[PDB]
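Student: Construct the entire structure; sequences and hints are all you get.
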Amino acid sequence: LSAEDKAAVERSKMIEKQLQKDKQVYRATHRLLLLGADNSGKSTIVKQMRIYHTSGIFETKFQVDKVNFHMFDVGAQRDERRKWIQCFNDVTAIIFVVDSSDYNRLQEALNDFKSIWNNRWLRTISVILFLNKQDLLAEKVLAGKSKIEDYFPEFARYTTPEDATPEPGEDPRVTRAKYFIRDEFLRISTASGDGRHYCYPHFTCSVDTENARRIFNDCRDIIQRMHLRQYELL
Amino acid sequence: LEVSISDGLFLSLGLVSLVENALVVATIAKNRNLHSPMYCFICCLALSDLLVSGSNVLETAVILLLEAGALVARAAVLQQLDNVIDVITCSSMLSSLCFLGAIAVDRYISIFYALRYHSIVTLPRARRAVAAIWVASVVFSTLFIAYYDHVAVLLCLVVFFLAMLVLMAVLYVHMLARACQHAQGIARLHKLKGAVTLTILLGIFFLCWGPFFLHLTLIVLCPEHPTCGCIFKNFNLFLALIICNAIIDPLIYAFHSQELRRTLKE
Amino acid sequence: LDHXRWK
Amino acid sequence: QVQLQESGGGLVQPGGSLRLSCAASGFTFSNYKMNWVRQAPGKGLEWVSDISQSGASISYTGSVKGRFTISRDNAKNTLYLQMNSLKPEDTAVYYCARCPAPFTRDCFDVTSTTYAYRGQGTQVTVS
Amino acid sequence: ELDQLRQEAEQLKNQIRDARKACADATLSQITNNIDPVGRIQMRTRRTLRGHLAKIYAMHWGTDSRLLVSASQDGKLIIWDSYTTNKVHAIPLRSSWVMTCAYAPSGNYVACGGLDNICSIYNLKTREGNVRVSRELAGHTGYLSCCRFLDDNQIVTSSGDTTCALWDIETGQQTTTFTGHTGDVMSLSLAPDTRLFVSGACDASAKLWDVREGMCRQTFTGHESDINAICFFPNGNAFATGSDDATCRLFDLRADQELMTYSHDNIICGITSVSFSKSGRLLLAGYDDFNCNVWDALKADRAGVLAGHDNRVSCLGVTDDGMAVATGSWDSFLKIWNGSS
Amino acid sequence: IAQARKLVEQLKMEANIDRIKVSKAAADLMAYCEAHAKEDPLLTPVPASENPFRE
Ligand SMILES: [Ca+2]
Numbered sequence: 012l013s014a015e016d017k018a019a020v021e022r023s024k025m026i027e028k029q030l031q032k033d034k035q036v037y038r039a040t041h042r043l044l045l046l047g048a049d050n051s052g053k054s055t056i057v058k059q060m061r062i063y064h204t205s206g207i208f209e210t211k212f213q214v215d216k217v218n219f220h221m222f223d224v225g226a227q228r229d230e231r232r233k234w235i236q237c238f239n240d241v242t243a244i245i246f247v248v249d250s251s252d253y264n265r266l267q268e269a270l271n272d273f274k275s276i277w278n279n280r281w282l283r284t285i286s287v288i289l290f291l292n293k294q295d296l297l298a299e300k301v302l303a304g305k306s307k308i309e310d311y312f313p314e315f316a317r318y319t320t321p322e323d324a325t326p327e328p329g330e331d332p333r334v335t336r337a338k339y340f341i342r343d344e345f346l347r348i349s350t351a352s353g354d355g356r357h358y359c360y361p362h363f364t365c366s367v368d369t370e371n372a373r374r375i376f377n378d379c380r381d382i383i384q385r386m387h388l389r390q391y392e393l394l
Numbered sequence: 036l037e038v039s040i041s042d043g044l045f046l047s048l049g050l051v052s053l054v055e056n057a058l059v060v061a062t063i064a065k066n067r068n069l070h071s072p073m074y075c076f077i078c079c080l081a082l083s084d085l086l087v088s089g090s091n092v093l094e095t096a097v098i099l100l101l102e103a104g105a106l107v108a109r110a111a112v113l114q115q116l117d118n119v120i121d122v123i124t125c126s127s128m129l130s131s132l133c134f135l136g137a138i139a140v141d142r143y144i145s146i147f148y149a150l151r152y153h154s155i156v157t158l159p160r161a162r163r164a165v166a167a168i169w170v171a172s173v174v175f176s177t178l179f180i181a182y183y184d185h186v187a188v189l190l191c192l193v194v195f196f197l198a199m200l201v202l203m204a205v206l207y208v209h210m211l212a213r214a215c216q217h218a219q220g221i222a223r224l225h226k237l238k239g240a241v242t243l244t245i246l247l248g249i250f251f252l253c254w255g256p257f258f259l260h261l262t263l264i265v266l267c268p269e270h271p272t273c274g275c276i277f278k279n280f281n282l283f284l285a286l287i288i289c290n291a292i293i294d295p296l297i298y299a300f301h302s303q304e305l306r307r308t309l310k311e
Numbered sequence: 001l002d003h004x005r006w007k
Numbered sequence: 001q002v003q004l005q006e007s008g009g010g011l012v013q014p015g016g017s018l019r020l021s022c023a024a025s026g027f028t029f030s031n032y033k034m035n036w037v038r039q040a041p042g043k044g045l046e047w048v049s050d051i052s053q054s055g056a057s058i059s060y061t062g063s064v065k066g067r068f069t070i071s072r073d074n075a076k077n078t079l080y081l082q083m084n085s086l087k088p089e090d091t092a093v094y095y096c097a098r099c100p101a102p103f104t105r106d107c108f109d110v111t112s113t114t115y116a117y118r119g120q121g122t123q124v125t126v127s
Numbered sequence: 003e004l005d006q007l008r009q010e011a012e013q014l015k016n017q018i019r020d021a022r023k024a025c026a027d028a029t030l031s032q033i034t035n036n037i038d039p040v041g042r043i044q045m046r047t048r049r050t051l052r053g054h055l056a057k058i059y060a061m062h063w064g065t066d067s068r069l070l071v072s073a074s075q076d077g078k079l080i081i082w083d084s085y086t087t088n089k090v091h092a093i094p095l096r097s098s099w100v101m102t103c104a105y106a107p108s109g110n111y112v113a114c115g116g117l118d119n120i121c122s123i124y125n126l127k128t129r130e131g132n133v134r135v136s137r138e139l140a141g142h143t144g145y146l147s148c149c150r151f152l153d154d155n156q157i158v159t160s161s162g163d164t165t166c167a168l169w170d171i172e173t174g175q176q177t178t179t180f181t182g183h184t185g186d187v188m189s190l191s192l193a194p195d196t197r198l199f200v201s202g203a204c205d206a207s208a209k210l211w212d213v214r215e216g217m218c219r220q221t222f223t224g225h226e227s228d229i230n231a232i233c234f235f236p237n238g239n240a241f242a243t244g245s246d247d248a249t250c251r252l253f254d255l256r257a258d259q260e261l262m263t264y265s266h267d268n269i270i271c272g273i274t275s276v277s278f279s280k281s282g283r284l285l286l287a288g289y290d291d292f293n294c295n296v297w298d299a300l301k302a303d304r305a306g307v308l309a310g311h312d313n314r315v316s317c318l319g320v321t322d323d324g325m326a327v328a329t330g331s332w333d334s335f336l337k338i339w340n341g342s343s
Numbered sequence: 009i010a011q012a013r014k015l016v017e018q019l020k021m022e023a024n025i026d027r028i029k030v031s032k033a034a035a036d037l038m039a040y041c042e043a044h045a046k047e048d049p050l051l052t053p054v055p056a057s058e059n060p061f062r063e
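Residue numbers (PDB author numbering), protein chains in the order written: chain A, 12 to 64, 204 to 253, 264 to 394; chain R, 36 to 226, 237 to 311; chain U, 1 to 7; chain N, 1 to 127; chain B, 3 to 343; chain G, 9 to 63.
Calculated from the structure, these hints are not laboratory results. The beta carbon of each residue, even a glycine, is placed where N, CA and C say it ideally should be.
Pair by pair, the computed Cβ-Cβ distance ranges are:
1) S54(A) - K226(R): 27 to 37 Å
2) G174(B) - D331(A): 54 to 64 Å
3) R283(A) - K65(N): 23 to 33 Å
4) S71(N) - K23(B): 28 to 38 Å
5) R214(B) - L11(N): 48 to 58 Å
6) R214(B) - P159(R): 51 to 61 Å
7) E47(G) - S7(N): 47 to 57 Å
8) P159(R) - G174(B): 40 to 50 Å
9) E63(G) - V20(A): 15 to 25 Å
10) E47(G) - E311(R): 28 to 38 Å
11) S54(A) - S67(B): 44 to 54 Å
12) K23(B) - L11(N): 32 to 42 Å
13) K43(N) - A12(G): 18 to 28 Å
14) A222(R) - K87(N): 37 to 47 Å
Tutor: See below:
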């Protein structure tokens, strides 16, 4: 080889050195898809990640304990999503936000969850499940004006699991509704999650300060479950 | 009680180990996609076992071919030939033990510190650790086979095996406790294999390396007593056990991966 | 020469 | 062309019964999971029920679970919704909708505002 | 009232189906039954271009048959010398979620876009010697699924908002927009003489557009499900279509209907990319099963298979010389394939 | 009023176009394929001395 062919190899090696530097930032950053209906508080969550800091996609960067997170909020897309969702087959988690107070829309949220969960390409991706707007849920169940039994008829035969850990002063009414919704999503997750992926339910309110901590702990446990399964220790 | 090993079995067991180790190394030398801290430590383990099995095959072949006549050499040369083949064999064992520890530490730094994993462990640092392990393996193997008749070498070899056993046990038992916590979390939402895996890893490690350093220990603690004599008289089986370990570890660590199973199936 | 050492 | 001729809707008194029928054309009907969707006036679209390729699974919205039942006939490419205990809140346009891809169980997009593989639909009125 | 229009459209559709049936005198598989078989086409992976970090989502050959653009959702465009594996450029993208790239026939400009809904065109050879964005084309209201250069200054673009658009690059504005798809338009294909392009758009249908008249000339409707991939036949009078049906179909722009359907019941997974060979007799199709298949486009026999990938094939293209087939997949590698006698 | 006016307009714009027999289209495609069978390296592999992708 000679002349420009050697310079071509020299340029290729300079590129390789930059690619080896970019690979470190790529591997050290954890990518998340923030997903949720227009009534879900995904925007007020994004606006309160800034404590930790026509466009078709939005990018939120935040850090916990010197781990860097990239969280993507899907912007000015059309409502059909079966094609673009395939881009996120290699994120760490889906953060799925739900308005627990809209019983009339909880069913479409569940069908959206079924669709995300059983998709062929997201079959590896765990779901972090923010059952948001718990204050509105509590006020609604306490007021009692709107029932849940006529939206979900089996609620009347559901009884609070010994798994429950109610906060101080939570009425059994509110606790039973809350955990009923939680188990409504878990029934989907547990029906077809063949060990490859899991979901992580969290009761949350938009004002919650600790949600970055939750995401940090859920990503930690996702990667631990992944490697302990890869090592057959799990 | 004495178990006959000295002919044919020892050689063929070494040749089988040579095949399995080389297949691991070849499957990593092709298919560059796998070249990573995880599988580079596994390849370095398989290389070390490859040199264990090769150098023992050479030792038993040379000794056999010196036997029944055939090849002849003056003993003042042959003793140094023996010394060199021992130094290569001992280096490849101490390296194999260190790479078993390195796999333990890599997995540990991949369960705990799971997020910062690719900032803590990197392929540059993997390369540096592998080189340091081989350099140390030769410098100690040379020193040990020079001063071999001094007690301190045997005692330090035993202490080295005991420290490596403690390191592996502590790391792997801590990882299994964490796996059991995850299994309980899953059960709480959804409403043994870990123990099998860990007991295979440590059982094979302790069973196939342990009795040799026992032998060395008894050479120090009871050099001349009949109560120890049936340990000394079965030494060739303890070397055969180390070659058996060199056969089992590829099946525990490398062909454990499906992608390696595919790239071996071709 | 022997297989191995300290036999 | 892929088309779905929903055909059975009409007016009933409360407690009445109707049997919606969809005739499917232009695709290998046995390969596709299928749904019924409805839209009450002034509301968006909502999912009613689901049937897999061979009936090996059926699912319903909680507002319907005992009141409507899906059936399917792969031999003549028809999809049914037998409605047995109609109520005023069932007053809606009902749309037969097909999943996008065969041999797959993620029913994406079937409730979307525009969606290709969904019929023109038929209005049901419960007086 | 809407019903009168809907029934008039119904009767026009019946008239169009009748017209297509009237000219459907003989199927391609009858006419080609006398043609000699292609034989077992088998190709070696000559070169593997490696060093993307994430899944490769799009690629495009240059007009020189030698340089590759490749786009990966790690946010890099790499330009490769396929004769040497040399990385002649690597461009850090504004947003990682690239879904399309394109490489101009002038060779001088490269474009990409995706889930940002913006088409970014890069000048490769400025006087400063370093790559930079020359324009950002913004105005699509959905992800850009495909783009293709007509000229040093004109780019056609395809979006999830059901529209295509033709942009003047220098002024950065839409000259025309193409409308009447009912779903996400997934792939473009420009005719060899750049007056027409076809697009398929997540309904049963592919549409032929006139770049100068701005209007849809013809609508093809054979497929059962979303058309992912589209490619003109080299004569420019037919085009192939790949779909989640797990079928490819060939349409003729002048008989206005299907000629042939490529479908093997041993495979039940969607088509991800489609390309013809230079002669047009080989149709190359990429699949969700981690594979590509080679079809005799005249006889619908499965001539060959390129089983070299660890994840779904995402992009596929022959050089304008016909000299090699490039394949990219989510396993982060591009594999370059050829035969040797 | 409703947008179905544009759909029916496009259908009538597409109805009146000319349509050759399918047999003639097929003949044109196979005549092209056979007219370029020697020129296609994937169909007719050129010897290794003149492939840039290996020697
Ligand atoms: Ca010796």
